[PDB]
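Quick setup: one chain, the form solved without the named molecule, written in structure tokens, and binding and motion questions come after.
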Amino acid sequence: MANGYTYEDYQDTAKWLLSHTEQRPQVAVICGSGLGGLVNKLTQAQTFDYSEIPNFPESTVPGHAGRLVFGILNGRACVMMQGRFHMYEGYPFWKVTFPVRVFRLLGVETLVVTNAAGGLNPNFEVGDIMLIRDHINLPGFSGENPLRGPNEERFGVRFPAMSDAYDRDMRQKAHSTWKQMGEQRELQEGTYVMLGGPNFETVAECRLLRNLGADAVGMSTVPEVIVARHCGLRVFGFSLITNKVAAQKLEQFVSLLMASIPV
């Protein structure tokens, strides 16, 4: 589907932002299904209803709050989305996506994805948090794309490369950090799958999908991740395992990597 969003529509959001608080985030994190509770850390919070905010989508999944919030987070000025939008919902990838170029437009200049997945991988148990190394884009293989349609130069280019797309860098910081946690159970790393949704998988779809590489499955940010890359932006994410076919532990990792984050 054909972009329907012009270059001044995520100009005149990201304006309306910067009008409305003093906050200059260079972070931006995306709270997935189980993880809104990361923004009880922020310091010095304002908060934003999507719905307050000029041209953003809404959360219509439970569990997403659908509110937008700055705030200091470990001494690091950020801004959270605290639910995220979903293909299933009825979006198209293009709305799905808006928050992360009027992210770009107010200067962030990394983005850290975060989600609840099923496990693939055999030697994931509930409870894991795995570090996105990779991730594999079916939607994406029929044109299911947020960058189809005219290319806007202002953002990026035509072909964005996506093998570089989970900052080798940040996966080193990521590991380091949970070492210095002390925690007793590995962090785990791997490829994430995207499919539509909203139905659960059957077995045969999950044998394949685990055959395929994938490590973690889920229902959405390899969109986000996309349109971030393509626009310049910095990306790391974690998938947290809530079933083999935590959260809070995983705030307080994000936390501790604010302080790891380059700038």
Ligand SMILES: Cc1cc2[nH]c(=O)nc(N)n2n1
Second form
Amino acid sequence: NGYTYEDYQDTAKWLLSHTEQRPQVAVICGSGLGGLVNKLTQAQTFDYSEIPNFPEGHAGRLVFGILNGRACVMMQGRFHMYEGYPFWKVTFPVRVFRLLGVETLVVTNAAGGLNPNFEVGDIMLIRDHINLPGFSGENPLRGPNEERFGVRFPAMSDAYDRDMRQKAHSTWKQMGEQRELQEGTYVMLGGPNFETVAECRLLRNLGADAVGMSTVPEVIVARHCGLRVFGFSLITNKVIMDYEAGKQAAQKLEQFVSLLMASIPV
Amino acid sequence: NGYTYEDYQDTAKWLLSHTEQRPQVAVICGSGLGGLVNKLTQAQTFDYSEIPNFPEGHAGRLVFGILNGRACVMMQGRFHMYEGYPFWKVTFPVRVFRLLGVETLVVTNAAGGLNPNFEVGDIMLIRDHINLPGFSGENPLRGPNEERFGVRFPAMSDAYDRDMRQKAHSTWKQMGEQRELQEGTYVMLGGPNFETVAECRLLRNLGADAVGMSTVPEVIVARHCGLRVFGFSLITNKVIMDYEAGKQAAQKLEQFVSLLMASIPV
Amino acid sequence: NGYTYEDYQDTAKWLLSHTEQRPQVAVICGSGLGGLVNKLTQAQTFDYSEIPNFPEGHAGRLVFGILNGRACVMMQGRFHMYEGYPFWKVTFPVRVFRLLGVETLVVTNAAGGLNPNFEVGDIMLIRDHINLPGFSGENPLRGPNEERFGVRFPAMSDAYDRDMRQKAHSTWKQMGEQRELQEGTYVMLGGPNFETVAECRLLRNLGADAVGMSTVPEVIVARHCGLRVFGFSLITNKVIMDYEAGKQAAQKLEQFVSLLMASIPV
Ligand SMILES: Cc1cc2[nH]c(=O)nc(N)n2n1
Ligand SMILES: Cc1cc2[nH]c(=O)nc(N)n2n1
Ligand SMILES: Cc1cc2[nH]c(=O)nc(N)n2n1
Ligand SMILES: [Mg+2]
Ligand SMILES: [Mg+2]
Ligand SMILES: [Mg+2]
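Could I have the structure of this protein in the form solved in complex with the named molecule, to go alongside the form solved without the named molecule above?
Okay, now the whole complex, with that chain kicking things off.
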């Protein structure tokens, strides 16, 4: 990592100096879900280019506001390794949120469906992940440990909060959806090219249910600094294993995350 | 990436200024296939060290010429990640070729046979690939997208041209070879060490038919900029899964690629 | 790599100038096995910070001495990729040892047990490895080859010396242990976070018996320069595949390595 603890502190202090908003929840909005910021009350926007130390698709804006009675901060757009970012830059905002007093991180993305029972328009609660770049040492925690954030060797087996996963299923039932809420394992790869058929079949055989190019590094850094995490993949395509509806599902995920603010503790 | 669009343009213009040759096909010759340049008529050679912007085994020379009636440009020798090159350097010449007006890229390499039915001396048409460095984010397209070359998120599932694969099988039949033309999935790993038995068995179980240390990044960049691609692995060794003839096969691959120039469209 | 052959030479000469000890064996002590240096006779210690060119957990000290009648040099503590080291720094001392005249490298680590028949306190002879960072090109040999050390493309399938593995089993029998000596495949990943359940199940299905964050790069560089290699994992935890005793085993591994000095050739 190239940021010091004080760089994260400088940024969080700057934000605290520019808004009265004191969010307890942070939401990182992935592809096609930038529309969720429109649901916010008492909204305040900062372009990423205006926030000291922020890394330079979606808007590139941070929006504070009230969602279903809950103070939250949202990333409308995220940072991607395939854009040339190292993970220590991709995940900069996660530590900033911890230093604002955020306790819960919600992550969303759009993903390719590997599980043969998934359909375009499915929402997958993320139950677990597989971190392929992490296998090779590309990791946002690589470098000397900052103990002011967390431990040298953090556990990742409980990353996706089990109580929030229960709330998620209960809430979905309340919504009266005809399609079941999917859940499963997300695998991250670098991108930016889409996968070959041979790569897809390999990934499915590893136990992955969905494939994307983001999110995992944010979850690792969140868990390291003690945030509660839950998240969702929008299944916007079903992958080909042999040699649109995303819009309505995105709107559905927006209502869903909105309802779920009620179920986040404290 | 560290090259600008104009760097590729400067190089292509320099080449166009130094030869009357106007190739429509480019061929990257892998290990033991540097001998194919000897088949060229009206041949013109440039050492890589003489071409502005070119990255600094085989010759390290670019040879223009006519092969079986077709204008082509050949890399006698390629660049390898295990030599210390980043992929954006390994693949520099591919974009240069696009800017010369090349439409088709033929890739060749020598590989270890993972499929138990392969023998030393086999030629494998590459049907598909698995990009292991790409899983971790080592990718020649990593960085901001150059739209003058192609799209942010290119498909890779159709990388190995299906019509050329049909031509390849038909031509091989015409040659009257007693051994069948193999085809399958190539997996790239970094190298430069050869694999352990445990690594080989894992790779086979991923669905790979052959293992090598090159080629995949060239195919990705080729497809990104719209080149038609086909390629072959020379099976120069059969890998050990339990705890020479390459020379005649190389000459055979040379005749084979030579005959196939006739079947490339336009 | 950033070191020249002469950098390794400078360091080895400096060491030869500061001790009369002329070790034929080198031992790299992993997590919880720093206690083995206490068994040494005629011991001489150098903090890593005192040795020119050495990269900057355990002690960070190099200890020369006699173990069970055999001249050896020990790393009390190793260097880790997750600390921010590139492999060419992690493995610097291995080449230094070759230049001191060391012929045999013993590697030890603590690992997570993936094989369902392993228990906490097991010792696993390393029979083979899987190098995940190596699949993506993170490799200590990446860069131009130094022929004064070894070949461009070294074999890795015979990395863990078969005769030493026989000695190891015979010696363990002599010790009269009630638990069998385990043996198996070690897989390295980057860390520093521990694995998810989905990652563990994937790793087991690749054929790995134990998971850790070290060792493999040291073995690769050792084999490249011609060292005989053997090693052991201490199974200090059994990994969870569903959604302490390490101290006595560490002392046992210490006695075990001590006895085995007798069985190293010459
Ligand atoms: C919507 C979406 C996003 C991704 N990312 C990916 O790596 N592979 C896919 N197939 N998809 N699909
Ligand atoms: C001829 C050849 C080339 C390679 N490359 C590789 O990674 N593994 C092999 N076994 N072989 N064999
Ligand atoms: C003692 C130990 C060391 C490691 N390293 C690792 O990557 N995963 C584990 N589970 N463990 N356990
Ligand atoms: Mg306001
Ligand atoms: Mg001429
Ligand atoms: Mg002394």
